[PDB]
Amino acid sequence: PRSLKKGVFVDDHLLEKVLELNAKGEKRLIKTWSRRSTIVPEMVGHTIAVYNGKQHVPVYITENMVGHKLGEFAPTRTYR
Amino acid sequence: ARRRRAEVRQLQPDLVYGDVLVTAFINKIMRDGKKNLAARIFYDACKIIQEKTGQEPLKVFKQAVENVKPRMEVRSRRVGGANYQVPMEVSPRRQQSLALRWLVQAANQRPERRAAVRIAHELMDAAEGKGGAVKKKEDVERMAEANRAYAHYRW
Amino acid sequence: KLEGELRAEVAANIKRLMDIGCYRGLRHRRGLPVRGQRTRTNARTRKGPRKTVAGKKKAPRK
Amino acid sequence: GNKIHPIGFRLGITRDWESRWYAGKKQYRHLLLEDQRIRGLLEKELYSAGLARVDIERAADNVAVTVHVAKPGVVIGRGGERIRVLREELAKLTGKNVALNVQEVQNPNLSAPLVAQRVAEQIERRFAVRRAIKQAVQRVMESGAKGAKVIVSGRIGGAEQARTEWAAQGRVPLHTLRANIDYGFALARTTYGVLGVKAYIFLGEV
Amino acid sequence: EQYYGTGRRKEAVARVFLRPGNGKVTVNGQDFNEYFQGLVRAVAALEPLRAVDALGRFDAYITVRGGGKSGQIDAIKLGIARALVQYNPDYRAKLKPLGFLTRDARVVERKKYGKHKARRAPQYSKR
Amino acid sequence: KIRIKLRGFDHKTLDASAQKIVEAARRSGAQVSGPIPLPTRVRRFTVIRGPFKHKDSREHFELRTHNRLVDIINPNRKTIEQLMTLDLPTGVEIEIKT
Amino acid sequence: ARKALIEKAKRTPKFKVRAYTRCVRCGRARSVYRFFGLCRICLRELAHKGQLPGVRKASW
RNA sequence: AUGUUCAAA
RNA sequence: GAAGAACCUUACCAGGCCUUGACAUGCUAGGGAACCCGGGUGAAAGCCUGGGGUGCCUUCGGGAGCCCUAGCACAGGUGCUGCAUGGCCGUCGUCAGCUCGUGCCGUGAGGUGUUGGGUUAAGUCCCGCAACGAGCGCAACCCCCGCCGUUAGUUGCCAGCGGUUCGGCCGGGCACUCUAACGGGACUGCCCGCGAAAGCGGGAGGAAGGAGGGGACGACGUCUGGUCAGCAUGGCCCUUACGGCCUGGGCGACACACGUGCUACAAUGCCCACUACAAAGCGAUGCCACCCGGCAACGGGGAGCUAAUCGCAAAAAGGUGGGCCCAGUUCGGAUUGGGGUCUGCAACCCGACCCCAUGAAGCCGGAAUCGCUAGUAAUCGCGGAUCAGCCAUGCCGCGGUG
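Protein chains in written order, with the numbering used here: chain F, 1 to 80; chain Z, 1001 to 1155; chain E, 2001 to 2062; chain U, 3001 to 3206; chain C, 4001 to 4127; chain R, 5001 to 5098; chain H, 6001 to 6060.
Since the hints were derived computationally from the structure, they do not count as laboratory data. A portion of the hints provided could be inaccurate.
[Said to hold, decoys possible] Here chain H is said to cover these stretches of chain R; the calculated rule only asks that three of the stretch's residues, wherever they fall, bring their Cβ under 8 Å from a Cβ of chain H:
1. 5040 to 5052
2. 5071 to 5081
[Stated by the list, open to error] With a cut-off of at most 35 Å between alpha-carbon atoms, the simulated DSBU-like pairs for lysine-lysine come out as follows:
3. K5012(R) <-> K4111(C)
4. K6008(H) <-> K3026(U)
5. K3003(U) <-> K6057(H)
6. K1059(Z) <-> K4096(C)
7. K3025(U) <-> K5053(R)
8. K3025(U) <-> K5055(R)
9. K3044(U) <-> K6049(H)
10. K1028(Z) <-> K4096(C)
11. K6014(H) <-> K27(F)
12. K3025(U) <-> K5001(R)
13. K4069(C) <-> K1059(Z)
14. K6057(H) <-> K31(F)
15. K1062(Z) <-> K4069(C)
16. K3198(U) <-> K5053(R)
17. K69(F) <-> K2015(E)
18. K6057(H) <-> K5055(R)
19. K4111(C) <-> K2062(E)
20. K3026(U) <-> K5012(R)
21. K1062(Z) <-> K4111(C)
Ideal Cβ placement from N, Cα and C applies to all residues, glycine included.
Go ahead and model the full structure; you've got the sequences and the hints to work with.
Next up, the structure:
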């Protein structure tokens, strides 16, 4: 039951940096500390590497995981 | 109470029978100061004592209290090592406090889903000489008079 | 959308965020609370009965 | 660690405030931070003058400020040249445009703050603490006062173990809410460390 | 012509105006039995009347504001007790021994810090 | 009809103040509505006595603000003469709205 | 309460949610009252001196 | 029933 | 400690970056010096950079506000030591005590006084006594609550009259409630009883008593009590860093153990509707009237307040009527799926709120253990500080029933 309102937020570090790669097709990697950003279609297919707060983990962004927020795919804590 | 001999709070008589003893019983039914619901329950009950019993409720009530007042009770006490349970009389004051308390307690120990009824039926049973209320009362006296050996520790 | 067909959906949902690296899904696997609550104490409704273990006494764990 | 400030305790009676001016909500915090800025410099400057109190009245962009001193001279200056420097250094802090009166202390020997500072200083100069104290109580007790008492913190004489020195004469009822006891505290930076100084003076009663 | 007596209880003020008449009571407009619609205690307020065989001899207009209908019932009871004296000051002799001319000073107790309710102190375990 | 509203911390610095305003204008305008009181608003500051712990130390501090009104109907030049520039207290602050 | 950490006065919040009271005398960020700009301690210290205009000791 | 030793103020 | 942890806070961790180095007063020297708008790179910080773009005073040599650079003061360190300290606080303990001066007793440590008898809440007071007095403490002097009067009436009411859209709305009126300032009131003062006295019991009047009820207030000292992380401060240590900036993470992990709490186990109950009594507070980018769109959170619009005269506000328990019919239930709400509002640059980690669905354990707690002596416990709702928002079921406070 999540909620932002009107204006799906996405930091434009990777945004305007991800679509620039949409011009030449895609690319081979990215890496942003903006785990705060929502995922938009243009991200699909791509492979953004998010920050644990220690590491840059490679996250393949597929359709099924659009609406989510990157960080939700880069675990923070280490347990068991 | 180290100093004075704490006098008893005098209660304003009943708003129907003008009987203080009744207010007392109603206060023992009350909980969270919801004195209305408390007064109601006791009156609804009095009208349940009128139906199922051709007698005046007020007299059934007083009769009850009477059979439920213990006249002897056991009070613990340390006497050379062990704690011998010394048997002794019960003040007129304490008799009431216990009688009323016991009634409400046993009453709320009954099954009938309705509060007002448990009180109604408990009171009656008490009058007849039966019921959880009179049990405790007779249990107390039994307790004393069964320890009537250490009664020379009169207290 | 009621009964079976519904439980089918819900189950279907969970299965999804569970198939994708999604965290919320891992909380289901691991069997721990999902809606970000404390798991150091009070999580019995999600963990089950306490599973007591041996411990460290003198160290005022009061 | 008990007992309240003898002043703050009596503020309702036998002791008025150091800043008596109305204000509120949006101003009060601003109009107060100022007062502290004021007092800040005065104490940093008028030390040798013998500071004792800084009343600060107000009404609107025309502040009061009535520094109380033992040596009103040192304050004023030559012909009144210093009361020019400060009084000006003042507005370079508060455009507010404010006065700067100066009352003299009738016997600095009945000013807890003074007696305190008096002792605080001696201690800094390396005088025998207990002596300085007894002396002080005497001076105070020897020039009026129905009672007095001084207290020095610890590390008396630079001793490795912090102690606490006394001295007192005549009634000094901290409990009586109506005594009129002047309280004064003085610090005392030192080669070996800080040592607080407390002065208590009792006058009349009712 | 008219008689007055205030009356305050547990933080309630009742303006009591007696007036030779039938014996009815207008509490804040509503009838005595209308404001106190269903309160086994109400009957109390007028007790100072029956005290000296009034009621069916007087009449009362009453303004009541503050507290709760229970506190008001006692303020009003005191009002009717006071006013009943400005009328005939001789009523004291019988009206007072009952204590109707007293102002029950029992008020809520301040909620002290450290405690849950002025007294109700927090509980401990293996102290 | 000049409505004056006086507020002060000292209940004397006002009764003195607002009272001057009454005797003054009482010789150049109406007769003044007398200095009417008005409820006081108190600010409580409950603070723990010492630093570090001792949750039950406390000690209360309040900053009570007092108010006064007056009200001078029938404004007549000389009124605004006896008042206009003849005040005295420092712990006071006015607001007027005729 | 390090000079360095009294960048609070810097306005420049980049976003106004990063703003924070701080004591206007000791920097005691932890329990600063608004009406005074002072922290629970200083407020108490000054109330004792009388430097808090019309701030007497409560009691009732 | 049991709960080591040791300095300064 | 925390009366407000998403970044901030923040002191920790990871990674990027800066070194005379977010704040203070200041020095020599070269230089552009107020300031305003963009771009490149970036997670942000930061770094690089384009650039509209200077008037001030002068002995005409040059000097200022402001600001960059290089070197400097030396700055900076919540880095160690609360057994080096100040300050402040907790604590025995609001307990009845702790002492001093002189005198007297004793070789002396010390004693006497402060003990004894009566009494008190009290080392309170009385009587006695080699003791006579005094200081800190008790009380008292200060604050809140208990009755009356004066002053003041835009709070208040047909109290009392005329009108009414019959709302105290209108005129009018200060009587009353009240508002806040001052004055009166209680002192065992009066009466009976005992007592040597203090005082104990009883009674009258009185709103009220025998200190009437609740605060503030903590003696000489104790604990090598607590805090160098609020601040202050001796000593030790660090100065490409044990300093500084930034982004992100952490302070919010879990097989478990404990403390303090919230909610609850149910019909003396739950739900819907109708209807009634409160106090203390807060309100300008702040409280938010009223009107509209939305089931709603909330959005749009917009009055008044700088607010006894408008708003938050509905008090809840309660009374009246209906539904439920003792069941893990119309108890209990956890938990989870979905939709959505709102604050904020931003709510994955990690906000609160709304609506639908979901609807766990729990059927009064073993040994053991805590609070409170009357308007108290118990129970019900209301406000505040902090504060964008909020994890408040906490804290401080208010009144209702009792």
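Structure-based check of each hint:
For the stretch 5040 to 5052 of chain R, the proposed coverage by chain H is satisfied: 8 residues have a C-beta within less than 8 Å of a C-beta in that chain, meeting the threshold of three. Closer than 8 Å: that is the beta-carbon criterion, and the stretch 5071 to 5081 of chain R has 0 residues meeting it against chain H, so the requirement of 3 is violated. For the hint linking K5012(R) to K4111(C), the alpha-carbon distance of about 32 Å falls within 35 Å, and the restraint holds. The straight-line distance between the Cα atoms of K6008(H) and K3026(U) is roughly 20 Å, inside the 35 Å bound, and the hint therefore holds.
Proposed proximity of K3003(U) and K6057(H) is supported: the alpha carbons are some 14 Å apart, at most 35 Å. Only pairs whose Cα atoms come within 35 Å are accepted, and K1059(Z) paired with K4096(C) is accepted, the gap being roughly 33 Å. At roughly 30 Å between alpha-carbon atoms, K3025(U) and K5053(R) fall within 35 Å of each other, so this suggested pair holds. The straight-line distance between the Cα atoms of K3025(U) and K5055(R) is roughly 28 Å, inside the 35 Å bound, and the hint therefore holds.
Between the alpha carbons of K3044(U) and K6049(H) the distance comes to roughly 18 Å, so the proposed pair stays at or under 35 Å and holds. Among the hinted pairs, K1028(Z) with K4096(C) is consistent with the structure: their alpha-carbon atoms are about 30 Å apart, no more than 35 Å. Restraint check for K6014(H) and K27(F): satisfied, since their Cα atoms lie roughly 33 Å apart, inside the 35 Å limit. Note on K3025(U) and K5001(R): the hinted pairing holds, with a Cα-Cα distance of about 29 Å set against a maximum of 35 Å.
For the proposed pair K4069(C) and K1059(Z), the alpha carbon gap of about 32 Å is at most 35 Å, so the pair holds. Between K6057(H) and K31(F) the alpha-carbon distance is near 59 Å, which puts this suggested pair outside the 35 Å criterion. Between the alpha carbons of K1062(Z) and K4069(C) the distance comes to roughly 32 Å, so the proposed pair stays at or under 35 Å and holds. This hinted pair checks out: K3198(U) and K5053(R) have alpha carbons roughly 25 Å apart, not beyond 35 Å.
Annotation: proposed proximity of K69(F) to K2015(E) holds, straight-line Cα distance about 18 Å (limit 35 Å). Proposed proximity of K6057(H) and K5055(R) is supported: the alpha carbons are some 18 Å apart, at most 35 Å. The hinted pair formed by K4111(C) and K2062(E) meets the criterion: a straight-line CA distance of about 30 Å does not exceed 35 Å. Annotation: proposed proximity of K3026(U) to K5012(R) holds, straight-line Cα distance about 25 Å (limit 35 Å).
The suggested pairing of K1062(Z) with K4111(C) is violated, with an alpha-carbon distance near 41 Å, which exceeds 35 Å.
Of the hints listed earlier, those the structure fails to meet are numbers 2, 14, 21, in rising order.
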